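Consider the single chain below, provided in structure tokens and representing the form solved without the named molecule.
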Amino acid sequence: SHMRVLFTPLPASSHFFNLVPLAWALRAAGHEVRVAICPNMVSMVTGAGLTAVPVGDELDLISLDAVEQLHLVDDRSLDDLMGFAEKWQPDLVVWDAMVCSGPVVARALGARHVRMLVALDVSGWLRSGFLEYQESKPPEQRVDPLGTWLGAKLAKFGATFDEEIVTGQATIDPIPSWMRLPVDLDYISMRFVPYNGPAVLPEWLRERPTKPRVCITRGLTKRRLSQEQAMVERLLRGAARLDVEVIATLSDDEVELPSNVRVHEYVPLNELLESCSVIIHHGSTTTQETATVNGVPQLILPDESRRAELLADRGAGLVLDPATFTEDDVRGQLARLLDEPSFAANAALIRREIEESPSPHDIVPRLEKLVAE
């Protein structure tokens, strides 16, 4: 190997999946890559071909000082992580923007660390306001609740607070440039490469569809909880009203369905989207990014609002209000998305833009440079 690399994701499909191609990029380059995950998510990490380091107590993040657990910075988990990081001595920590696990350990060890976004850098942008506010107050007044909080976690291991602990020494950004919230940081642009969990191509997904194909879905994390409810029934019936094949992802639950609807518990999303003409979703980053990367016009029922808006602004999608929309709304917008050639044309442009930003493969030498400096 050359580097030892430790990822600290948030234990949630959507977050984890977003890091997988970068982690495989590093591994493909001969780096050793390990993923720290709570012990009950281990088989999600292992299901992506990555090596898991179980750390801390079981954590059902979906059901959830409880603030500490969600940021992975509770004694049990942090001490456990740090026990492993001390023996393994990684050179680089790539940490998911919503945990403080990774940067705390990194700074404690003197490792380099990089933040990865899954969504718009809301954190970064809030923190930007805060620092701007702070700068103009008198020195004696420059309080920093986050700073001093992280300072205490850091002291437990004999290290000090730094701004980097909040926003990383760099931030890898998989959302397209032109959506980026305006904040002054070292962003590394990275092409989104879809990973959606275990993917088997069933025979039927081998053929060109014979009728326009519409995918209706919501992010894997968003589906685990998850009256009322009737919104999906409305989307489904709304979309059925056109001469299209409708593929929908649902739990065991219902219902009697239009003859042109097909319901599955799971599909391989990226591979389905290659054959779809429209996707309808609730604005999870990964379903959105997977559609965008396949250049597939979107109907979004909402940072999801903002990402949905931004995408409509470039005419690649349309939005509907999750709390006021009617079957007929669904019908009409779907029709626009299918009939007006511009929508697909714009989506094709955004796709080409993305296809031209550096891949995970191209980010590896930048990370290597960062560790070697």
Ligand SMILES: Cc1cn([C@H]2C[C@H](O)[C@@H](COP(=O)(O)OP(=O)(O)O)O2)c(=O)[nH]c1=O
Second form
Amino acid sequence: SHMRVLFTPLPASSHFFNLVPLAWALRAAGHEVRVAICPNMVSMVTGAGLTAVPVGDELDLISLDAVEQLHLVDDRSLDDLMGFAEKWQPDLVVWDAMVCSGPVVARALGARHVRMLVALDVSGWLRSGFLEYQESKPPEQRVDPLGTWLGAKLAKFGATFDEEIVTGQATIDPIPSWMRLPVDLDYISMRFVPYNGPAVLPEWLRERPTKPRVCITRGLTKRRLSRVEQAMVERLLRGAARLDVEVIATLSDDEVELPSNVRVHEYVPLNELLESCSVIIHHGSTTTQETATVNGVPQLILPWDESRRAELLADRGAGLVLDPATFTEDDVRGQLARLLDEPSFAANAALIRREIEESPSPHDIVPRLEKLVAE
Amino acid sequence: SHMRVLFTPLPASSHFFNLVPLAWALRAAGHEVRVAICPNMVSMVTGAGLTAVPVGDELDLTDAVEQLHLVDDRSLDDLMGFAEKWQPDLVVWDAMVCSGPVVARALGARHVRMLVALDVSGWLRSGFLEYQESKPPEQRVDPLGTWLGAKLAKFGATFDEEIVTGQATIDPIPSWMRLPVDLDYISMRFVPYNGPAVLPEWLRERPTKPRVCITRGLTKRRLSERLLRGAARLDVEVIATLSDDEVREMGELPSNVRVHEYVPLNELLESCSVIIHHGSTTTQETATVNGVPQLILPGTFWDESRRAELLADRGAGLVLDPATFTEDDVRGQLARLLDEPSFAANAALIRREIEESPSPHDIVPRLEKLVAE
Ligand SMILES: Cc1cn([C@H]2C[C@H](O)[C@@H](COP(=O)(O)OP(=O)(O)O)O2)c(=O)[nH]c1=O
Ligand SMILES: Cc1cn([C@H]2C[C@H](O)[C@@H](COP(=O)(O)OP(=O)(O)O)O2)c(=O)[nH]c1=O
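Any chance you could show the form solved in complex with the named molecule after that form solved without the named molecule?
Next comes the full complex, and the chain you just saw is listed first.
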């Protein structure tokens, strides 16, 4: 192997999935890749065929001092990682934009670090707002709580603060260029490649449909909590079925009696499904969204700023939006009917898809990173 | 570009793992990748992060040789059915299956055969291809060509030599081990995928004495023969820590034998000074790219011998005559690998060479081009 690469993803499937392909792209180049993950999400990682370094105490990131844990930057955890990291000596850490964990270790270690977005650059945009204001102030008042508080963890390992710890040496952007918030950083445009958990293709998913297909999903991380109202889905699902189509609703144990043209599963490999859908209806989250977008499928979204990206997608003519408060089954139907009927969306979605499939693939990104490590 | 690519592995762990990196290589490149697999084993596919496509009936390794080569009706028909539909551009096939290339020919998709052993099929085949040429036209029987040709019939298809060897063969075996055979060989850098891998605590702490790693295969582990006891029992005889394999009982292990059911092979090998293995390929190769001097007690049921013999030629291993190796052989040899900086000095040279080979990553634009030729 040339490079030893460490990933520090947030401990939740969507945030993790969004790392998988690049992880492998790298692997396929011949670099060693490890994924650092709290020891209860271990088999998530192993599941994507990647090697998992359990680190810290268990964490039910969903159910969630307490502020520290969420971003993997608390004492208990960081130390373990740092402990391995120290021993392991990666040349590069690629880190989910919501954990501080990995850049702390990176600076402590001197290894290049790269932030990867699973959403619009709020952190960086905001952070940008700030740096500029703080700018004009009386130098003695140039406060920076985020920075200093970090410098303290940082100092724990003989490291000092840098702007870099907040936004990384680079930020890899998988949401499409046009959608990307204006904020003057070094952005690396990567084509989103879908990984949707473990994918098995059952027989029924092998034939062309015979009525136009509709997908109705909310990925895991949302819905799933629940676990310990509700109403909107049965609304969406009722409204949807009013139209002469097969609705695949991807649901957990919960209800209810359903329309005849509606079939329900706990998990179906979405990407695969979406090759055969005519319209997707989803809840604005991001891995779900691009799998849709990346598959040319027109969209019906019920909303990061899940609104904003869904608004942005609306705008460019590949989808529409309802308001989760004021929405009635009618709007569901009528909206769906538009998406399925006026072929602009079908079209507008394809142009966006063609666009997407010409941004650099993960595979295309690898050398751009080796390049970065050689500097 | 944007290909639709289907893999068709022999359904064994070794075999499938050997394909994973290329599989991912391509998905990473934004290609759709699909793995045709007997129902009972789809977990292994999903386990590696690739999309399983369940095909045929169960299979445990419709007359047998046909099932064992993925070429029975149940499989073939399934594989076709789906293939017809998904209409792949490229089919990559486990050199020991016939299902891929058939379905491939049938829909006129470029296919490519992928190797796991050396190339005994090709060696043997082309030998026959040479000999038959030197016979009169009325006598040049191709028993294999007929046998394939027929199946092909089913689907509107003719036989072509390419069904036997692919339109090109991807060789992950270090090219100096390569049997002399005139084919379109694509050299590929072995990239170990070993199954599911998690870092155990023990493996965090730096080794305090040489780490020897003994693996039965894996996986197989058939039967379920204790040349393995005599294996372990005469390494203990030197001051080394031994990481093992299995949950088999043979009375009292010595104290320096740290047994663990499953280890992650790649990872493990990073602290190891030596490895004793059965001579199989992911094992050999995982070990080779790790620069680890090997002791091979090979045999057996394929090219394990020749390759163990070839590695040995380049002074990076030593070999043990199974069934005739004494306990004191397994030390006196072990000891040679640990005491002679030649064996690592080589195990490095070879490795280094392999890293100069192109990666799965590097092999994409070529298959890309193959498909658009
Ligand atoms: C429910 C469900 C989810 N998924 C996958 C698709 C996505 O990759 C992932 C969810 O992504 P996302 O919508 O980003 O999840 P969340 O908003 O809850 O974090 O789960 C399926 O593939 N099939 C399914 O049926
Ligand atoms: C026992 C064991 C096997 N393995 C895996 C890694 C290799 O890819 C595979 C070895 O299979 P291989 O060498 O191909 O032999 P066989 O053909 O008998 O299966 O087993 C581990 O990763 N760790 C382990 O502890």
